[PDB]
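Asker: One letter stands for each residue in the lines below.
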Amino acid sequence: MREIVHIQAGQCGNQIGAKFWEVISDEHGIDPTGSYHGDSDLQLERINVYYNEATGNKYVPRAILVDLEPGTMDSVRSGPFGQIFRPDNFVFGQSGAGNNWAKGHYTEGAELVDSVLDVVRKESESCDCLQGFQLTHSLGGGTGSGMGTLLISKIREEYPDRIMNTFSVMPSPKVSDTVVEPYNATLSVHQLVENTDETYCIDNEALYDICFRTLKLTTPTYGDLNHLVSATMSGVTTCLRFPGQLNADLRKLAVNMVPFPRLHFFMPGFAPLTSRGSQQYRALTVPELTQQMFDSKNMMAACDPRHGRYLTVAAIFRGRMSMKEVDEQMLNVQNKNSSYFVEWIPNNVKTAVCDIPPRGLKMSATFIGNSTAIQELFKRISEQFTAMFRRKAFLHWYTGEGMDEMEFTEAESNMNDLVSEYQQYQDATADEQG
Amino acid sequence: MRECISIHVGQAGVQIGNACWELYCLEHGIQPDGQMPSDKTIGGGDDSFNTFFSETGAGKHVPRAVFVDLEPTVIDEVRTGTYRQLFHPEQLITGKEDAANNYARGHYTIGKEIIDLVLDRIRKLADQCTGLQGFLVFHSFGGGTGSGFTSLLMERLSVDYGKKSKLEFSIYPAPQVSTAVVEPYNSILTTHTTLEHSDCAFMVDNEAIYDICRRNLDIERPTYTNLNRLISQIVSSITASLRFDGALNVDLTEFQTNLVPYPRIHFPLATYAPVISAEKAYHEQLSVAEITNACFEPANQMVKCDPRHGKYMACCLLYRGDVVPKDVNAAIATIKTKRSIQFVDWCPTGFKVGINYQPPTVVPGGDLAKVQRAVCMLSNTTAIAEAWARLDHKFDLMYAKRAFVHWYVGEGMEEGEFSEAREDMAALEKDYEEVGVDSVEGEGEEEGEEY
Amino acid sequence: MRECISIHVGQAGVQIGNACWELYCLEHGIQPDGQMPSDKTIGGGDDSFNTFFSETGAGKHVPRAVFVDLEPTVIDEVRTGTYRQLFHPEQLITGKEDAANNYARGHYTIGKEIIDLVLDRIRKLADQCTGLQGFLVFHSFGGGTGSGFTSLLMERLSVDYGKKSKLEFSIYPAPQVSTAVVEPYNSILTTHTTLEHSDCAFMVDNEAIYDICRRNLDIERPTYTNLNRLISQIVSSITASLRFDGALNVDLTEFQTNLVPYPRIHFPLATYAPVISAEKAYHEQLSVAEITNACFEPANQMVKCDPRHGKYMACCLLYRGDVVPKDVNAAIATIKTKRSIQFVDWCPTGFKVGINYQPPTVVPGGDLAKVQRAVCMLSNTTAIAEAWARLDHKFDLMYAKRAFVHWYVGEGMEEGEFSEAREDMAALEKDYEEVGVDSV
Amino acid sequence: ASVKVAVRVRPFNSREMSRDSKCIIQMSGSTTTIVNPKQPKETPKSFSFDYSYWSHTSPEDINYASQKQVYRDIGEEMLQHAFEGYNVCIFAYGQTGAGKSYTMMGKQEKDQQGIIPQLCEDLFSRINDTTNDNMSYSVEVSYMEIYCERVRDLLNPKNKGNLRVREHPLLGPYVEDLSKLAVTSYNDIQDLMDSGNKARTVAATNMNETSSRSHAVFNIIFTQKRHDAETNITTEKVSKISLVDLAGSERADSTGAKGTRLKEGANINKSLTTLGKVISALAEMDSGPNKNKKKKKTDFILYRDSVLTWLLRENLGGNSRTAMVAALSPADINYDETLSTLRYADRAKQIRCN
Ligand SMILES: CC(=O)O[C@H]1C(=O)[C@@]2(C)[C@H]([C@H](OC(=O)c3ccccc3)[C@]3(O)C[C@H](OC(=O)[C@H](O)[C@@H](NC(=O)c4ccccc4)c4ccccc4)C(C)=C1C3(C)C)[C@]1(OC(C)=O)CO[C@@H]1C[C@@H]2O
Ligand SMILES: Nc1nc2c(ncn2[C@@H]2O[C@H](COP(=O)(O)OP(=O)(O)OP(=O)(O)O)[C@@H](O)[C@H]2O)c(=O)[nH]1
Ligand SMILES: Nc1nc2c(ncn2[C@@H]2O[C@H](COP(=O)(O)OP(=O)(O)OP(=O)(O)O)[C@@H](O)[C@H]2O)c(=O)[nH]1
Ligand SMILES: Nc1nc2c(ncn2[C@@H]2O[C@H](COP(=O)(O)OP(=O)(O)O)[C@@H](O)[C@H]2O)c(=O)[nH]1
Ligand SMILES: Nc1ncnc2c1ncn2[C@@H]1O[C@H](COP(=O)(O)OP(=O)(O)O)[C@@H](O)[C@H]1O
Ligand SMILES: [Mg+2]
Ligand SMILES: [Mg+2]
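Chains as they are written, first to last, in the numbering used here: chain A, 1 to 434; chain B, 1001 to 1451; chain C, 2001 to 2440; chain D, 3001 to 3354.
Errors might be hidden in some of the hints.
[Stated by the list, open to error] Straight-line distance between alpha carbons at most 27 angstroms, and here's what the computed BS3-like set of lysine-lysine pairs gives:
{"#": "1", "chain 1": "D", "residue 1": "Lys3068", "chain 2": "D", "residue 2": "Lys3240"}
{"#": "2", "chain 1": "A", "residue 1": "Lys174", "chain 2": "A", "residue 2": "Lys336"}
{"#": "3", "chain 1": "C", "residue 1": "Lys2304", "chain 2": "C", "residue 2": "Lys2326"}
{"#": "4", "chain 1": "B", "residue 1": "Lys1164", "chain 2": "A", "residue 2": "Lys392"}
{"#": "5", "chain 1": "D", "residue 1": "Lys3198", "chain 2": "C", "residue 2": "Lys2112"}
{"#": "6", "chain 1": "A", "residue 1": "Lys174", "chain 2": "B", "residue 2": "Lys1326"}
{"#": "7", "chain 1": "D", "residue 1": "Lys3068", "chain 2": "C", "residue 2": "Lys2401"}
{"#": "8", "chain 1": "A", "residue 1": "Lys154", "chain 2": "D", "residue 2": "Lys3240"}
{"#": "9", "chain 1": "B", "residue 1": "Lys1040", "chain 2": "B", "residue 2": "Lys1112"}
{"#": "10", "chain 1": "B", "residue 1": "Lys1304", "chain 2": "B", "residue 2": "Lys1326"}
{"#": "11", "chain 1": "D", "residue 1": "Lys3004", "chain 2": "D", "residue 2": "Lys3297"}
{"#": "12", "chain 1": "C", "residue 1": "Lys2401", "chain 2": "D", "residue 2": "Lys3004"}
{"#": "13", "chain 1": "B", "residue 1": "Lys1326", "chain 2": "A", "residue 2": "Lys216"}
{"#": "14", "chain 1": "D", "residue 1": "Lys3045", "chain 2": "D", "residue 2": "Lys3296"}
{"#": "15", "chain 1": "A", "residue 1": "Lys392", "chain 2": "B", "residue 2": "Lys1163"}
{"#": "16", "chain 1": "B", "residue 1": "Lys1336", "chain 2": "A", "residue 2": "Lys297"}
{"#": "17", "chain 1": "C", "residue 1": "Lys2401", "chain 2": "C", "residue 2": "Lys2311"}
{"#": "18", "chain 1": "D", "residue 1": "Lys3240", "chain 2": "D", "residue 2": "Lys3198"}
{"#": "19", "chain 1": "D", "residue 1": "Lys3296", "chain 2": "D", "residue 2": "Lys3004"}
{"#": "20", "chain 1": "C", "residue 1": "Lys2096", "chain 2": "D", "residue 2": "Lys3258"}
{"#": "21", "chain 1": "A", "residue 1": "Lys154", "chain 2": "D", "residue 2": "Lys3296"}
{"#": "22", "chain 1": "C", "residue 1": "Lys2370", "chain 2": "C", "residue 2": "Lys2352"}
{"#": "23", "chain 1": "D", "residue 1": "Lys3240", "chain 2": "D", "residue 2": "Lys3263"}
{"#": "24", "chain 1": "C", "residue 1": "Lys2401", "chain 2": "D", "residue 2": "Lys3293"}
{"#": "25", "chain 1": "B", "residue 1": "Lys1326", "chain 2": "A", "residue 2": "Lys297"}
{"#": "26", "chain 1": "C", "residue 1": "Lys2370", "chain 2": "C", "residue 2": "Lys2401"}
{"#": "27", "chain 1": "C", "residue 1": "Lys2394", "chain 2": "D", "residue 2": "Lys3258"}
{"#": "28", "chain 1": "D", "residue 1": "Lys3263", "chain 2": "C", "residue 2": "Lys2394"}
{"#": "29", "chain 1": "D", "residue 1": "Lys3270", "chain 2": "C", "residue 2": "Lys2112"}
{"#": "30", "chain 1": "D", "residue 1": "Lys3277", "chain 2": "D", "residue 2": "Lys3296"}
{"#": "31", "chain 1": "A", "residue 1": "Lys392", "chain 2": "B", "residue 2": "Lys1112"}
{"#": "32", "chain 1": "C", "residue 1": "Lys2096", "chain 2": "C", "residue 2": "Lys2060"}
{"#": "33", "chain 1": "A", "residue 1": "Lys392", "chain 2": "A", "residue 2": "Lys174"}
{"#": "34", "chain 1": "C", "residue 1": "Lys2311", "chain 2": "C", "residue 2": "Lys2280"}
{"#": "35", "chain 1": "C", "residue 1": "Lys2096", "chain 2": "A", "residue 2": "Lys58"}
{"#": "36", "chain 1": "D", "residue 1": "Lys3258", "chain 2": "A", "residue 2": "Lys122"}
Since the hints were derived computationally from the structure, they do not count as laboratory data.
Excised from the complex, chain A in its bound form:
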């Protein structure tokens, strides 16, 4: 049995977690009070991947909530699904970092790191065979980024064998709230490159563009973005909970995606999305599904893969479908888009199929791309970082918390080396002339 421990940090992490747990609870037929009211017998077959059992035939999510402002925890607790989580897993303090990565990594986060690790240990020893962890956090924030990186470091030290994924929301070039986003993003990407096996990159403009352009929503809020991210997270771990014709645990994706240890940053995507009013006009077939899946405008990270080469891709389908059609469509998309795939992998499309689709759909699919175009996401950040570091715009706020400029320079150099790494895999093909 493969069982996952879920960790959430910051406002963004807590809200994504709330929406994701609502989605999973509806998928497994769990009531807001925890009791089960499903119909299919497959739902209870492997519900223990996410949930634990409690004596009165009750199901408790294996989640851990982390923050430093009690406001978000109060918002989560006094909600439709607030009673589902166990109260002891709510870990919070007071006087949060406040978009100061130093405060949430050295000064404040060091207080709660011990309590959160105690809760994590208690959750893990109760798991008969742990598969891996899961962190949801905002990268440009305060307590989220800093304490998430600290937790990643401590957990990697404690549990080196287990898998660790990360659904991270990273800063935007355009839709930017906090002024000191670049410092937090740089000082976090310094740590994500070293202490994570996977890292799904998410951007707010990608989700907004999906909402305005495909879903045709007029007033998208954070609920819709959380909805899309939750759909992706459900799609990723689908094969660990339901049977299929080709199964794919989180590890097989880790093995088949990353060619080298540092290249573990992914571009997620989901299909179908059809505006709630135009689905009557378009038929749900595997060709349409994969054509929407590989579309540039659908990607959830705000990077054009046409500016780079796909190191690898993984497609996980849900629903009853013919294996031959899936294989033929993968061959077609590889052959037609001959210039967007590296040649030193002859066949770089991982495939998985699961029998149980989402509740109200005939079939769906999710996509994990690994492309060199992702380097853009760092370069922009790096540019802004330099523009704010060569003059020391807001530096003192960090240095009063017990840091120094050498750590900033180290983080900047680490990100630049990551960018060059990814850049070396978008031009070097095979030759002797060069």
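Given chain A, put chains B, C and D with the ligands in place with the hints provided.
Answerer: Same frame as chain A, but now just chains B, C and D with the ligands:
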């Protein structure tokens, strides 16, 4: 808990406190006698939020405040008015002569004695607090007590507490209008205290608020009540993120962290967008884009300096009401498109955004229309230097001939201290002119070859 | 007695086992619950033949099989499905992580522990046997368990038993289609186990079977059930001679004796002639000559290699149904007449022939038409070298840049072992190119 | 543009000589060949190298690679390059008990001294010989080890509590709080090497009772300054001499355990793989520019994949001079280990068997 302490010093501070506490009482449902009927009507919730009120056994809610003055008239007007039963009887009045529009009397001779009582009351209120966030200090440059005693109080507070935040809502002298003759001396002598000790100081000018009232609200003969009401609206908008939930809530520490690049340049400008009369409330949509555009107009600023002459170092917008992040992002993009608003090249992001669900309230007998949306903008810019520079000129015209100096010297203040203040003053202006310079020379660079 | 043990390893192995045991249960009249109604209807005979089933006291027939996997999903689906009461509860599942499409995990780190249980159950089944002929092993190259654990299992089996036959029904990676990125590494690393240990190995390709289903059985959107059904038909045709009488019955020993000229070239190709839809079953005679000709057509092969590019070292035909030796000999003569089929000059005879009376059966809900005649061909030819050569190219394109190598090295496998596999692989190809040369 | 590869085969030890052992390695020219002892009829496996050293028995008066000989071929060149201001590095690779430590240290009887003692003796000779009033020579020696990607000092008597490794933008990689000691004679350096090699991190396995669980780097920091009666005073002559002892490779077949032992083995094997890739990649661009002189961009050689290559960056890249010597066992039992060592050595300017 998100607890604040509001210190009101001087006549201006006391009257601003009157308006402010009227607004908070109306916001939280507290009656003038302190009782909340809604406690027994709803039966739950902390609507008497701890950010400004302390709850006793009988359900009475005592505000967390300390008024101070050296003239019994104004605080006795408070102590006999409508809200006589709300405040604790410790109003900390010095039943003696005034500072008499003299910094020295308010700082050196008369400012003593009362300082011990004030510090004892502040210590008691801080002891009652659990999770104190900062102090709000209301005063006025150019007054006697409001300048000298405020400086002494800030020095002692910085010594005693150290790390706790200290915000300032101060009234700077206006360019032309003035109700005193020795105003520039008092204003200049507070540069040291408002520079070294305060963590973030907001400047408001009576001329700017008069212009706003005349133009926007269409009030031909305003008085200080309207000015205090506007300032109270701004303070409530700043502090709302602590009290009511929202999609994005901005604590005081975040606000400071995003507004102050370097520790000496913490002088933002406060503006409030939907300042409009009830008759003109119709014929208008008051959407998010409209209020954001109105925030950037130089006409609606609350201190007489044009931001177009300077560069926008940083901005923080705090929205209240029926607002969604989409329109906020669109408005920010449209603002960034315009070339009339200049931003320093060492701040590519430029903005901070907060959103609160609680809409603003309308004070009965006031003049602001009821609205569904509003925003308060704090803009850290270099144009504030102008507001300083003008006043400096006046100081020179008085200090060349040593006019009125004997009043200060006779009250235990060394003459040379005058010059010292100006030096500090001058340095501050230079600092602002340094952070406007658009980028470093970057002379060092190399070339490349081909092989 | 003519007793066989079938070992299913991996997901592909388990699903092929599902289809296969459905077929044998239908063949012998065994119900899904193990009981035979016909035992009390006929009152005699060994219709629950010992070649696959062991009969207990109560009249229940337990199959002689051992499923193995490193992921509880597929075997749990077996354990809850229709045939849950058929198999013994010993399904030998490792309730832990998968091999993760990684040879090292399946062979070195995770492959242990479960190996002892699997070998213990195999020993118990062998002790229950009296006259064991050989083991049938179903697996797939390119998977994690199916490659590494299969290699370890066959190493231990060759050590313990030695002289018993061991056949492979393995799925080779396709030329173009592929459902994994690290498939060539896993497929190449098993060249040593499938060369040194296995006695005869049959290669099947999913692309070829997809082509057969879309062309012959008029099905446009096939799934893995059809592929498993075809493979099950082939295994049944191979093993029929042990169970049912015939004019000429070809045991496994003589079949191997005829198909493997040298001990290193034991990679024949399996084909099945009357693959035809019931709608197209009419308008056709399906005589012996027709099916014999159809077996030699390159379109009907089950791995993407054209025999016309190579030479037929040997052929073994196994007929089922209304077949008489006169027409078989006539068809063999007609085949020998044609110059499109090349035979090596040092094999003048070229053919082995077996004939069985029991006709093939039709699975309810299947897609093969009911027929009176059928034939299964096992053709040992040099064209299989092509299927290897393509794979080698892909391996090189990964290994020049050490792509994905850290995943294997970190799990207790020395890096240089990679190169060793290719060397063996290369040597194997050379051997085939040696035997296609005309004598002088 | 200087990467060379060396191989040295050891002779039969006292236990092997007493026992019925056999030799399977042949030498000729630049080509070393090994034959499978149980199946030698198949084919000999051969590899070409830039440096090769033969040894099968003790005396071997004629045509024998003595310690001084290997020192002249590899050590003397690197010491001269260090004297000229170029960073230098010497790697000693091989399985546990292969005799690489014999080469690096040698016998303390002063009849056959290893590379390190001869190198340091010649350094002390050169400095004292070339010691004048103006030329100021200064040497400071440090010694460190990597265990599970964590750095440990060996010379300081302080506690062995894991330390951090950082990088100055101008001064390159460094280690926080790593002791370095000055030395003026062979006695001081010998004492330091004793105090260091007594404190290495080793563990008992099924292969050898003291198999190294950690890589070990002995660094010498050598600087030569000119201070004449003038104002134009510069140094322009600073070098680092790296002497690397690598823990032997291992397989899961021999490491029959899970957890700490398997984790250490996997970490060690990853470190060797990183180092091998680093040196091979450097060797490709050693070959390229030396004959093209074409600047095919930086082609940055990744050094972060592991910590061992990161700290060795100043001695690996730039104008540095690096070499590696692999220890080979000709005894019958160690055929598989020896062949793996030849495969590991094959890279870094691989030469075909002509
Ligand atoms: C045909 C039908 O019944 O109507 C659909 C529907 O109209 C469409 C437009 C739905 C609809 O979704 C949206 O409108 C939407 C809006 C913002 C963000 C995301 C979705 C639907 O609301 C969403 C809803 O989806 C589900 O129930 C899935 O199981 C989904 N569930 C949830 O996200 C969920 C939401 C709240 C509470 C609990 C679960 C899911 C998806 C992936 C993995 C697990 C679960 C479905 C079937 C529909 C409606 C109802 C209109 C779509 O959603 C999905 C992910 O299925 C949007 O485009 C797809 C395609 C569908 O055709
Ligand atoms: N906006 C506003 N300004 C006020 C108000 N009351 C006083 N002021 C300003 O305060 C300044 C006068 O100095 P005061 O603050 O009254 O000084 P003080 O507190 O009375 O102390 P003394 O000088 O000793 O009497 C003038 O510039 C006034 O405009 C008010 O209610 N609103
Ligand atoms: N013909 C056929 N091939 C199958 C079937 N199921 C899986 N495969 C093939 O098996 C290969 C993948 O290897 P798997 O057998 O799934 O590996 P595994 O046994 O699951 O072991 P792990 O890699 O650890 O998951 C793919 O190339 C599939 O095409 C099947 O039912 N029929
Ligand atoms: N996708 C998503 N992003 C969010 C949400 N809430 C905030 N954000 C983003 O997170 C950033 C602020 O980070 P924050 O949540 O304050 O980090 P924290 O202080 O650690 O909680 C902003 O740039 C927002 O764009 C949410 O509900 N969903
Ligand atoms: N000329 C030589 N060439 C190579 N090896 C030699 C020579 N002379 C002696 N040796 C060997 O050097 C080895 C040193 O091993 P040792 O340093 O103990 O290994 P470890 O440090 O791994 O325990 C001895 O086993 C010895 O047989
Ligand atoms: Mg008064
Ligand atoms: Mg399985």
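Asker: Taking the hints in turn, state whether each one holds.
Answerer: Tested hints:
| no. | hint | result |
| --- | --- | --- |
| 1 | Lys3068(D) <-> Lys3240(D) | holds (22 angstroms) |
| 2 | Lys174(A) <-> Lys336(A) | violated (33 angstroms) |
| 3 | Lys2304(C) <-> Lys2326(C) | violated (33 angstroms) |
| 4 | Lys1164(B) <-> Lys392(A) | holds (24 angstroms) |
| 5 | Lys3198(D) <-> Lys2112(C) | violated (38 angstroms) |
| 6 | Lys174(A) <-> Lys1326(B) | holds (12 angstroms) |
| 7 | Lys3068(D) <-> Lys2401(C) | violated (39 angstroms) |
| 8 | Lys154(A) <-> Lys3240(D) | violated (35 angstroms) |
| 9 | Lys1040(B) <-> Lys1112(B) | violated (46 angstroms) |
| 10 | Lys1304(B) <-> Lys1326(B) | violated (33 angstroms) |
| 11 | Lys3004(D) <-> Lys3297(D) | holds (23 angstroms) |
| 12 | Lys2401(C) <-> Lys3004(D) | holds (22 angstroms) |
| 13 | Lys1326(B) <-> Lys216(A) | holds (14 angstroms) |
| 14 | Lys3045(D) <-> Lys3296(D) | violated (35 angstroms) |
| 15 | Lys392(A) <-> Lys1163(B) | holds (23 angstroms) |
| 16 | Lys1336(B) <-> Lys297(A) | holds (25 angstroms) |
| 17 | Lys2401(C) <-> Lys2311(C) | violated (36 angstroms) |
| 18 | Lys3240(D) <-> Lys3198(D) | holds (24 angstroms) |
| 19 | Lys3296(D) <-> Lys3004(D) | holds (22 angstroms) |
| 20 | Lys2096(C) <-> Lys3258(D) | holds (15 angstroms) |
| 21 | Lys154(A) <-> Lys3296(D) | violated (41 angstroms) |
| 22 | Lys2370(C) <-> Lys2352(C) | holds (26 angstroms) |
| 23 | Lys3240(D) <-> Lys3263(D) | violated (32 angstroms) |
| 24 | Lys2401(C) <-> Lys3293(D) | holds (24 angstroms) |
| 25 | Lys1326(B) <-> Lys297(A) | holds (19 angstroms) |
| 26 | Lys2370(C) <-> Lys2401(C) | violated (53 angstroms) |
| 27 | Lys2394(C) <-> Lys3258(D) | violated (34 angstroms) |
| 28 | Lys3263(D) <-> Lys2394(C) | violated (31 angstroms) |
| 29 | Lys3270(D) <-> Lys2112(C) | holds (23 angstroms) |
| 30 | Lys3277(D) <-> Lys3296(D) | holds (19 angstroms) |
| 31 | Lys392(A) <-> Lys1112(B) | violated (41 angstroms) |
| 32 | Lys2096(C) <-> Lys2060(C) | violated (32 angstroms) |
| 33 | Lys392(A) <-> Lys174(A) | holds (22 angstroms) |
| 34 | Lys2311(C) <-> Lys2280(C) | violated (32 angstroms) |
| 35 | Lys2096(C) <-> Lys58(A) | holds (25 angstroms) |
| 36 | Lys3258(D) <-> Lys122(A) | holds (24 angstroms) |
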